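Work the whole structure out from these sequences, hints included.
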Amino acid sequence: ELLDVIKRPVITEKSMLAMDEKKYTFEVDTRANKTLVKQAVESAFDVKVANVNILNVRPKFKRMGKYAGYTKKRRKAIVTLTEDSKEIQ
Amino acid sequence: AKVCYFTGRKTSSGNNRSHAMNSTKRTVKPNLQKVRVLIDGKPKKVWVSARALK
Amino acid sequence: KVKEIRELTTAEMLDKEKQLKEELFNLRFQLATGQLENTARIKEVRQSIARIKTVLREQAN
RNA sequence: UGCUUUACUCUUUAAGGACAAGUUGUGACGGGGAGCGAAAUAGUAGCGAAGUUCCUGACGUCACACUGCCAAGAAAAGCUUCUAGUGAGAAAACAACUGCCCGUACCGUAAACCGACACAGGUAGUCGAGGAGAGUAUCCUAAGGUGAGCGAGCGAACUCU
RNA sequence: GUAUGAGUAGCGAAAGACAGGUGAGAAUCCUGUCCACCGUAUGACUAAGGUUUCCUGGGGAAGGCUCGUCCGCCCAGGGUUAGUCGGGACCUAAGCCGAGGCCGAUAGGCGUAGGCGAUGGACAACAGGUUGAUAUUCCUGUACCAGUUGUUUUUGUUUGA
RNA sequence: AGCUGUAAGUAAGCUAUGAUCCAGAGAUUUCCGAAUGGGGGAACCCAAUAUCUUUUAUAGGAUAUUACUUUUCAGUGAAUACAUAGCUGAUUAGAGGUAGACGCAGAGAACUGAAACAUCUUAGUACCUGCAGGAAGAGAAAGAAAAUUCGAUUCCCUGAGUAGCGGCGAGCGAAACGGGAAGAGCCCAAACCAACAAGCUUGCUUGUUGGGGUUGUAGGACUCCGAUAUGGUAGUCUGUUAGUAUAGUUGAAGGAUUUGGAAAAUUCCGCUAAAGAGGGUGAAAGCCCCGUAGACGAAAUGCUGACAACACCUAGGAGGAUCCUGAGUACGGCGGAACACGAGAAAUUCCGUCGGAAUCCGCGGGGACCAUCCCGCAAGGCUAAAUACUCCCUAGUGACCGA
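Chains U, Y and Z are the protein sequences, given in the same order.
According to the authors' numbering, the first sequence is numbered sequentially starting from 2.
According to the authors' numbering, the second sequence is numbered sequentially starting from 2.
According to the authors' numbering, the third sequence is numbered sequentially starting from 2.
A portion of the hints provided could be inaccurate.
The calculated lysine-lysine pairs, modelled on DSS-like cross-linking and capped at a C-alpha distance of 30 angstroms, are [claimed, not checked]: (1) U:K73 to Z:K44; (2) Y:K45 to Y:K26; (3) Z:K22 to U:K87; (4) U:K23 to Z:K19; (5) U:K39 to Z:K17.
None of these hints come from the bench; they were simulated from the model.
The following block contains the structure:
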């Protein structure tokens with residue numbers, strides 16, 4: 002179903018520094034392999050392997066109004082390339 | 002000894018009086034025997050009361 | 002929205018499904034990078050995909 | 001043809017076989033370093049000289065290796081062969097690609113664990129230097145880390161050390 | 001809810017002093033110097049356990065047994081990257097569930113085959129550099145294990161492949 | 001004709017092509033959970049067989065099927081040949097939850113009372129467990145009676161704290177007669193006769209299907225004559241209408257002055273009512289708003305009547321040679337329980353064991369037992385209503401509460 006693989010790019014202080022070595026930080030939905038993300042990126046941007054790396058995130062608190070609730074789980078994806086770029090973001 | 006296969010005899014319970022009428026609780030059980038019978042031609046082994054062996 | 006969706010063939014339904022999913026990719030990446038003066042087009046692509054899938058549900062019983 | 005075993009003939013510090021801490025080259029024109037030190041506002045970037053000999057030397061390793069003793073000291077898989085069998089023609093070299101899911105921050109003889117507390121208590125494992133010295137004892141110290149989360153005066157009774 | 005006890009007892013073992021900073025406000029925060037304490041541990045690494053306490057930039061109403069410009073506290077943003085490390089796609093000990101089955105007022109109890117279960121077995125990567133936080137995980141160099149695609153020298157499925 | 005919930009706030013939009021909202025039908029429905037491919041520390045991991053997918057290719061992805069037991073049918077099978085275990089495949093049903101309520105069963109306490117305590121009481125209560133249903137249980141006389149009789153069951157009043165039981169102590173405690181609520185009765189086994197198969201000795205015994213047949217005034221077979229109509233239903237989610245439940249429409253009549261921040265309050269003069277019940281509005285409103293009385297209305301789905309169709313079911317009179325009418329059943333001894341009844345002079349109902357009848361000239365009962373009389377036919381099934389409860393829905397009420 003591989004357009005529900007990738008959601009968003011991550012725009013942070015390390016993620017902009019990953020841009021210099023052709024590395025890109027996407028958010029992949031839960032229960033997805035490394036191989037789906039390779040196939041989805043090759044489908045959507047015409048670039049290659051040089052393997053993905055995949056994280057996870059434990060949630061937090063926040064408090065607003067005497068209430069106590071978590072946030073979402075996440076899963077980052079730091080995809081490296083060999084030969085093309087993405088001046089898209 | 003759990004049931005009969007033909008009749009409906011099963012173990013039960015009742016009192017026990019003794020000579021100044023003090024009551025306790027018994028286990029009144031039926032006489033039962035493991036008998037090889039012919040259920041649909043093929044022999045089994047099953048519990049049958051002696052009452053149905055007359 | 003509904004009516005001309007009921008005017009199409011069968012394959013063109015699937016073609017518009019693919020086009021609307023690619024527009025959802027484009028609206029996601031253009032929300033993450035601080036863009037999209039229109040943000041109320043996100044309901045429209047979703048509900049268009051929904052109406053297309055119900056129309057394909059009815060015709061195959 | 002593998003394995004086991006009984007009888008007979010030889011053979012024996014011999015030969016065959018099995019394991020082995022470690023050394024020397026390569027790796028390595030590499031990175032490491034006492035110290036120098038900017039070009040803005042950094043001891044930053046960038047530059048590096050020596051790699052010797054003797055002495056003591058481990059229950060760390062060979063390794064449960066060896067002798068002794070009685071209290072007589074886990075299993076199954078991985079591995080290796082031989083047949084049963086299945087049964088186009090795979091099997092070395094070279095080159096290019098593929099290799100899934102979960103944990104990884106931090107505290108961890110403690111202010112972040114167990115004791116209602118930022119509590120004189122408890123917490124399994126490994127490393128654990130120097131001078132004296134049998135030593136992980138005791139006294140003072142290296143590498144490192146702390147100065148304790150109420151004070152300032154005065155220097156009576158009385159209580160504690 | 002508020003008194004009395006009363007502005008009393010206590011402030012939870014340890015050595016600080018000065019100069020210069022910032023600030024409305026300083027013994028208690030930052031920096032510098034000297035002094036002092038542990039040093040088989042108050043030093044380093046991990047297993048449990050805790051669950052964001054980690055880092056960056058702000059804040060001083062409550063918490064901190066005093067003060068506080070500070071904090072493990074409040075707000076906002078941000079950090080945990082693996083073919084080789086520990087576990088799964090391998091094995092079994094204690095124990096547990098146990099198709100059929102054997103017993104038992106109901107409920108249910110016990111047990112063969114087959115399983116589940118690490119504290120144990122078996123198993124392919126080393127040195128350095130790098131950031132505000134990650135590193136046998138990122139890059140630098142050199143390896144290793146299991147495969148897949150083109151090349152590499154041999155034919156009855158009898159095996160003589 | 002306004003809208004994007006709480007919830008202000010910003011920025012984007014939607015609607016006269018009828019949004020938002022309401023009502024009835026549909027569609028989609030991640031992962032655990034009886035969990036059901038295998039495993040597990042619930043919301044996790046790991047598979048197999050087909051089909052389609054990505055890549056030069058393995059790795060990667062997606063869809064479908066795969067638990068256990070039993071109901072039936074096939075193959076397969078073998079200690080041991082014949083076929084029974086067993087295995088395999090297909091087919092049929094279950095498996096868990098509540099409503100902390102009501103019902104039926106199994107098993108079953110103690111404190112307390114007796115001014116102590118042993119039989120007794122608390123009490124077949126509390127608790128556990130199985131089984132269901134919208135209700136369940138009981139139900140068509142082996143009955144209640146004592147005549148002069150009545151005719152299935154359940155529930156209510158009364159009989160009555162009476163007759164009774166009880167270390168005759170504490171205490172437990174009915175039933176029939178009478179008045180009411182609601183009303184209903186049906187189907188088998190047997191004896192007999194056919195159709196088939198078997199040891200069919202071709203004796204016609206057994207087994208299955210189809211007709212027959214259901215009772216105490218005894219009835220049925222069997223025989224002989226009639227006879228082929230009359231009448232009911234406790235079925236058919238098959239039609240055709242009537243109504244109803246879930247959105248709604250319409251719905252009368254008032255102005256000025258004074259005190260006011262603001263009037264519904266006050267003072268004058270009016271109007272309405274099949275509507276003067278209630279709520280809201282800058283204070284206390286028949287005439288401002290929402291309503292109320294009345295009147296009207298349903299595309300879709302469900303429910304209830306009705307009456308059509310279709311299913312079913314139901315015959316008379318006489319005879320009395322032979323045949324049938326529920327078996328290890330009734331009943332007895334022993335040991336326990338249930339009946340208000342605690343072995344008591346102990347009938348009637350069950351349970352465990354051991355004995356164990358008759359066949360209409362028969363059998364049971366009328367509180368040990370006998371005789372006479374009277375009333376009844378057990379040992380096979382089904383059955384509406386009157387009765388008890390409320391997790392939830394709609395519409396209401398209270399000399400019920402006001403933090």
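For each hint, the structure was consulted:
At roughly 22 angstroms between alpha-carbon atoms, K73 (chain U) and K44 (chain Z) fall within 30 angstroms of each other, so this suggested pair holds. A threshold of 30 angstroms between alpha carbons decides the hint, and for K45 (chain Y) with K26 (chain Y) the separation of about 35 angstroms lies outside it, so the pair is violated. Simply put, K22 (chain Z) and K87 (chain U) have alpha-carbon atoms about 20 angstroms apart, close enough for the 30 angstroms limit, and the pair holds. Note on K23 (chain U) and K19 (chain Z): the hinted pairing holds, with a Cα-Cα distance of about 29 angstroms set against a maximum of 30 angstroms.
Distance restraint check for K39 (chain U) and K17 (chain Z): the Cα-Cα separation of roughly 25 angstroms lies within the 30 angstroms cut-off, and the hinted pair is therefore satisfied.
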